[PDB]
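Omission of a single protein chain aside, the complex is shown with its protein chains in their original locations.
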Amino acid sequence: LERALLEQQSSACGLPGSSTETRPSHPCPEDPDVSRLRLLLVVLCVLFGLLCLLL
Amino acid sequence: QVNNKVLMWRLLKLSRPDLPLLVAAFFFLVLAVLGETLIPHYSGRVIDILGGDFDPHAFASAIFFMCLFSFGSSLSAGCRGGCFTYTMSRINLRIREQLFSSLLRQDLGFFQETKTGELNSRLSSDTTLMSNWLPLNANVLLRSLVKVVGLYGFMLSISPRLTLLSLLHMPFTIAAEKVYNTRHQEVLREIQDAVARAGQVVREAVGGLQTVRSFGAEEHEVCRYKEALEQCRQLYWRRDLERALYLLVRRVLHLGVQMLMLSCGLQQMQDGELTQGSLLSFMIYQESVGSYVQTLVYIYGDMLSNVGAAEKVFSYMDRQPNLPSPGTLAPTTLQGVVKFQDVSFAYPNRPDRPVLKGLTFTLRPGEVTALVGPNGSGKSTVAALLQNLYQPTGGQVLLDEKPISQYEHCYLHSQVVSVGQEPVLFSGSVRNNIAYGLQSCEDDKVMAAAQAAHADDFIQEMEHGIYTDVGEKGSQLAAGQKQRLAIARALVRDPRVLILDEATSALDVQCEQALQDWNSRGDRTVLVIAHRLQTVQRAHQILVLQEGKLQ
Partner (left out) sequence: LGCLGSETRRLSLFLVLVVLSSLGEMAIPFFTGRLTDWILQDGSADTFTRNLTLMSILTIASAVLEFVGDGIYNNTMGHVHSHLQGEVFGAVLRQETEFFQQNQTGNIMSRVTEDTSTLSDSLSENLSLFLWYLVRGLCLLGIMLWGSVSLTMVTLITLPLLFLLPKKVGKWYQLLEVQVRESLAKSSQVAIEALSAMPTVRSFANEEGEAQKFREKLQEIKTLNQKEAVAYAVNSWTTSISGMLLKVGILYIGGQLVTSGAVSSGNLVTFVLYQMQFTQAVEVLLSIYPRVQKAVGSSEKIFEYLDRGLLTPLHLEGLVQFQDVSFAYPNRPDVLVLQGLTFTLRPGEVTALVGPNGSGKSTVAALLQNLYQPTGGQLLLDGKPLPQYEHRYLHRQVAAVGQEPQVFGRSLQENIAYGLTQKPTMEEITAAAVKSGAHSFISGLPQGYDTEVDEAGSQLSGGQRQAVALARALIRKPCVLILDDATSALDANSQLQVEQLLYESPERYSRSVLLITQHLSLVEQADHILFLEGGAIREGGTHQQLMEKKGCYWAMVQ
């Protein structure tokens, strides 16, 4: 129950036809290109941490 | 792999006319998010004002600002949701129009292969699933991204020490999801194997049932089903236990960092560097940012999975048509005669054997021709070759001393029109269905054509004359009335080289007599294909063919 996938159920932030939250099929490998983005989130958090470490 | 990325670039290019709507929606989304997260900040300011001596002048001002920002956020959220829903529909209307305008230029062989129900499905279905891509997914991605940036900005504004202390778990919490997923997938496939094994056992027990009841015992399969379902439940239990253990580790880490954050905040409060309202606003942000920062990777996973459903529409949009090169010659005058030499061809759907070969033909102004031969002996193929609807595989079909494909499509269709084997009329009024493909016309010409085709009795008896509706797919008429309407629709274009496909054999002989009297009333040539000897007895000339060859 990620609230960030729940708010679009309501029309306060969602759009029509968005409500059916289902994955494409039962089984499924992860794509490598989306796995690249996890490293970008980690080095972002590292740089943000080191920025606050100056303060 | 790269097929997904090129389809994404196609979907982005397909949206280019909508840039103003997508820019306005982005701008209202950024404004709505900035105006929503400000409420917790001003709510901290209110709680700071209510502690100690109450001042009306600050309290009333802070409540007024809270109203004004909540009003501005709501208005901007409404204008965003309108803009996204409008562009989503505009791209849906355009991509249907481009898809239909691309399909109408294909060869006959594509429609002989591809089923009508398949084209109905992809035109009606996948254009909607394709247009629900950019509007939904750009919205959720931009909302999550700007919410993460705004929340961490406000945390850095309120207290850098507490933000650093909160930012510590970001990596291990991300990595735990990867390690959970990469141990969950194999268990999910083994579940799929175990349920497939149970489905196989129940299917196999159904097929031989008679044998089971007659020779065996029914209950003997029940213990086999128990044995399959025991393994199924044991595997479901192991999957869900691993699911729950990950969810426990996430929370307990989350609640531990939240407690440590609160301890450091209270210690700052003791030192007096932070106010109560500041601590409330910071901890409200702390309960919220962690969902968005986690989900951003899942929605970017769904980004790269959604695009593929669209591939079938693109595969029909850019398929090269197998039709010949466009025509350029305009006769500007009567065709005179038409001829064929060594004509050979076969259907592109079964090209392993010829349907006609070696055929030579000649047609002259003011005369008639009669095709003699067995039922289905290539007569329809010879008519289709004469109308240039399919390209010849051997010989030449040159008319008026020029190549059959050299004349412009409009002029060829207007001069060489031929009556079909079975009447067909598209849905609409008779005053439109009797002149389909005419660039312009007058009701006097259609009324004269209906009289000339002996259809005037049916046309004058109608509920609105020529303006009466012919029903869906021409179903609201008699079969003889349909043949009369088809004969009028052929004569209304005034063709110079017409053809007949034995339709007057089941119809009234008065229709054949009217066609012979009116179409042959000058230089116009006509050729007919029929099995009945009565047509060959009335014909001025005849031609015999059998087994795909002339005789």
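Here the chain labels run A and B in written order, and each chain numbers its own residues starting at 1.
Please note the rule applied: a residue touches a chain if its C-beta (ideal position, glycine included) is under 8 Å from a C-beta of that chain, and two chains touch if they have at least 3 such contacts.
Asks: Name every displayed chain that the left-out chain is in contact with.
Replies: Among the chains that are shown, those touched by the missing chain are A, B.
Asks: For the chain left out of this view, which of B:319, B:473, B:521 or B:532 touches it?
Replies: B:473
Asks: Could you tell me which of B:61, B:157, B:276 or B:476 touches the chain that is not displayed?
Replies: B:276
Asks: For the chain that's not shown, point to the residue among B:7, B:33 or B:103 touching it.
Replies: Reading the full complex, the residue touching the unseen chain is B:103.
Asks: Identify the residues of chain A touching the omitted chain, counting contacts across the whole complex.
Replies: 1, 3, 6, 9-12, 15-16
Asks: Tell me which stretches of chain B touch the chain missing from the display.
Replies: 36, 39, 43, 46-47, 50-51, 54, 59, 63, 66-67, 70-71, 73-75, 77-82, 85-86, 89-90, 93, 96-97, 100-101, 103-105, 108, 111, 116, 119-120, 123-124, 195, 198-200, 202-222, 225-226, 229-230, 232-233, 236-237, 240-241, 244-245, 247-248, 251-252, 255, 258-259, 262-263, 266, 269-270, 276, 279-280, 283-284, 384, 387, 389, 409-410, 412-414, 417-418, 420, 424, 426-427, 436-437, 473
Following the convention adopted for this analysis, only the chains that are shown with their structure count from here on.
Asks: Indicate the whole-number Å distance between the mean C-alpha point of chain A and the mean C-alpha point of chain B.
Replies: Here chain A and chain B have centroids separated by 29 Å.
Asks: Inside the complex, what are the residues of chain A that reach chain B?
Replies: The touching residues are 2-5, 8, 11-13, 15-18, 24, 26-31, 33-35, 37-38, 41-42, 45, 48-49, 52-53, 55.
Asks: Using the touch definition from the top, list the residues of chain B that touch chain A in their complex.
Replies: Residues of chain B touching chain A: 77, 81, 84-85, 88, 132, 135-136, 139-140, 143-144, 152, 156, 160, 163-164, 167-168, 170-171, 174, 178, 181-182, 185, 188-189, 191-192, 288, 291-301, 303-305.
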